[PDB]
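Before any questions on how it binds or moves, here is one chain, the form deposited without tomudex, in structure tokens.
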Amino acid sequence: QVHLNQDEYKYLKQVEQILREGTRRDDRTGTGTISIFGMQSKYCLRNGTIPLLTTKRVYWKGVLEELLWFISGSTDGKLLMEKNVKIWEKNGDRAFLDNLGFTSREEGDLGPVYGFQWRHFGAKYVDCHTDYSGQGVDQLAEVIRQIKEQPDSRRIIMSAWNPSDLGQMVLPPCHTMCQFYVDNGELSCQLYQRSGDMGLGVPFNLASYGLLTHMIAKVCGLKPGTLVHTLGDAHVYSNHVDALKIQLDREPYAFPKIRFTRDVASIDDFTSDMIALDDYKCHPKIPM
């Protein structure tokens, strides 16, 4: 019946649903997945709560460093590698780039992905060492202005889905857009994730938009509300079902709370040292 962390329990029920009601496919590699097309869940962000899953740990440094890098507008994966965050290494390496025909592209130059679109949508991409200041639509700045000045708006949207630029990206954005919404002094967010693995990328992006919503709420002087996570192809790998069945039997801990330890001048004024995560309790590792 009742769980201390009902929001994570509902996530586990989604995973169970995929295993029971999804469809098995094998892609061109012989790689097996079980999928449901179309899912949606909600997470309370009140009182500092951030939905960092507890039944299978999430790579917090990766979430946090990637998000600051997105916000900065960077498209240079080497900047993450300098921080020992390797999540974009394979997608920016020589071999991956050359397979896409990007044979003159510097290693780690991801093309006009995520943060370039968020801060410079429509600008002419050159490389990941170019100053784009003042170029393109600063969607993130706009969202913040709308939230502060026009909180009733039904139009508060940010998207990295830029058809004109997809061909130069190492891959299309996975979290393709988000919409913000304000009511009774609280900031809510809905993201759309076109693809993801319930064992890895879904929890990772859940956490990243939880963090982003708390950051924007601080910038805008609002309280956090609800995070809505919408999925396209929600899937698990068929070879992981044993590991998943382990996860499913675990009782979630309460989510941790986020704390920002100094004032910020703007969304561009966060640094890793001042983002604190309190009381993250997590279950042990899950074998193969």
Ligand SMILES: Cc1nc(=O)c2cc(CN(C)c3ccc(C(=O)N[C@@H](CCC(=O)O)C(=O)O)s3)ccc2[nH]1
The other form holds:
Number of protein chains: 2
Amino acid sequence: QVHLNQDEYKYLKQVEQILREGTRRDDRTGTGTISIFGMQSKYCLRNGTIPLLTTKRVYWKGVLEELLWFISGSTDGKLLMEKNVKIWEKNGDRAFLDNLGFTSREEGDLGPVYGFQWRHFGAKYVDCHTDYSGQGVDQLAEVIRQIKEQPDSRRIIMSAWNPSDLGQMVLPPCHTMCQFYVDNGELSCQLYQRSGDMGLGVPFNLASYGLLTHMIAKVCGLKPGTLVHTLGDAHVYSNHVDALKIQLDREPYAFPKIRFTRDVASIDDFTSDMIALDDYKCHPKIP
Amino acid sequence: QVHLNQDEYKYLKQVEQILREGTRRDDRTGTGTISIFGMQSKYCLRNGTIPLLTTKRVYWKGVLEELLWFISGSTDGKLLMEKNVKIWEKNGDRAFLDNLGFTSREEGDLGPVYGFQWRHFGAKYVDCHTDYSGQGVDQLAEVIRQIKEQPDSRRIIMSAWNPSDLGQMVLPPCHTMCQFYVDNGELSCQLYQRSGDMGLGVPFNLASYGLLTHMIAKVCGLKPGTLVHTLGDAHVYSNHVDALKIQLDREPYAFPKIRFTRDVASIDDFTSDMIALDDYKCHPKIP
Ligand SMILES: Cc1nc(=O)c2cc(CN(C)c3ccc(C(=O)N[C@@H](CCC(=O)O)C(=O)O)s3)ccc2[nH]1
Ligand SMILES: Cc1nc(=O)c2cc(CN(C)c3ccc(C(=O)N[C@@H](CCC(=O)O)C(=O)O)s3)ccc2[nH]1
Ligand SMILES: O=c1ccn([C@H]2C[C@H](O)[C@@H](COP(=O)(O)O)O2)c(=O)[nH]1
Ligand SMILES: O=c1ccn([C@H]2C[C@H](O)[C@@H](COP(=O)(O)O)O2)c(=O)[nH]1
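Could you output the structure for the form solved in complex with tomudex, given that the previous block was the form deposited without tomudex?
Up next: the whole complex, starting with the chain shown before.
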């Protein structure tokens, strides 16, 4: 049969394939996972659609506020908490920092993570309160320039994987790079994700890069195309198979759609008040 | 509809899918291409198999000598010419260098390309005859230590994409990063290739990373697993559609197998005389 939302059904079949074919391993601390290495899915973004899963609600406020935080170049977790978004709190507090040997680091200074690499790749990091203007490569600005002036390019790439800075990161990048692609006035985006928790993190990442593509599409005067999601270690955690069993038996509703309620002078000119999400209907929460 | 070599048949269907579903575009070199954005295939390396295409012969000597050249960390194209491997020759001679503004550069100094990034990521490049010992990150050594001591890691990654150094590269990286993966003593490798010419370059890259996986597996005392080949712009050139129509109608022979005829102290201890390729049978050349 045809499903109202085929793209999310395929995601459920991804989860289903992992449980059926994946290999059972104990990640390092004992905690087991079910894992397939090498997967790929595509999600249609046309007509403002954004792939926020309907069988299990996604922390939309987190996606939005975190992505703007990435774009701003910030590595200060405290700015995200001032928006009431706690995803980076445990990774930036005293205990977690000291455990990595960052005993001199202010609480919340996550190190040279995503935002720093996107906008200042190759720059000398010191802390999250340093003015890095004009230091390093502005990958996000270069991408936008390539899309506008060289739409046919096959090198429109933005990487967060900086071997020199990995040591000083509280967490190594998970979505390690993405590639953009223009075809018949439509902007597409492929994301390579080295590691993916299909129960929690992966749906969140789909929304982030789906939203990012919609933003870049508007800045470049293009229409949204397709999101290609490539996974390295696509895995489910053993202790959480019950929740996915429930999620899989649910028929997906239609994806919501993004709507930008004002114009923007650049990728840096977005604000939470003008990113609208319409008709996000989900199935009830899962214990 | 079974096949002696299923993995190569799927490749033929990849090319076929590109031709039937791909989008027709004119790239920055003129001359059109047929392209799909986002593809993925898997090739079995178990029991020493290496995916060297049989429907169209691959330049095995180029694969072998170039990969050893990469591993050595060399950026001097002249060493490859001393082995009779003339890829990278036109990219490193006077005309091409001056066209990019490297008017002060010695012939053959390809810049901070693959070899430099693999073994000295983040280091200050100057020329291809400089001792970079202790400079930058030795990603290839980091990967090997991770495989040995942390086989379950989801962060075993080696990237050739350095935004800081792109300007000084004669050619921007095409195979941009790879991720490794250990499961029950089997070593796998996923390659993300931003751009892929299915008629020439892609078959070569599959063998390169296939051989690389076989090599790293032996150093770490593991068995070869799976090669996951992810493509960004997977394309055929409109000029060569006639040739591929023939190639697609060919039944693949069995893949050849790699056999290492002596022990190795490290990934740096390999030589052409001890990498053997057994039973590589190909279909005849195509006009
Ligand atoms: C094992 C593991 N799986 C993950 O998916 C994961 C994700 C992150 C960061 N990340 C990419 C996240 C995205 C969304 C998140 C989250 O906590 N969502 C909750 C709401 C939390 C809140 O309201 O503050 C949820 O939707 O249930 S966490 C960090 C460690 C992880 N660890
Ligand atoms: C349009 C284009 N397609 C490619 O595949 C390509 C590949 C490279 C570099 N590369 C990744 C290569 C892999 C194999 C090669 C090659 O030329 N092989 C010869 C073998 C004959 C010989 O050199 O003796 C061949 O079969 O044409 S070249 C550079 C520019 C390109 N440009
Ligand atoms: O953006 C993210 C960050 C983390 N994770 C999940 C995947 C993992 O299993 C875990 C990260 O652990 P490591 O891969 O770093 O070991 O969190 C995601 O899915 N998306
Ligand atoms: O390792 C390589 C190097 C090059 N190419 C081919 C693919 C292309 O179409 C062309 C690269 O040109 P650009 O990606 O720079 O546009 O060469 C490969 O397939 N593999």
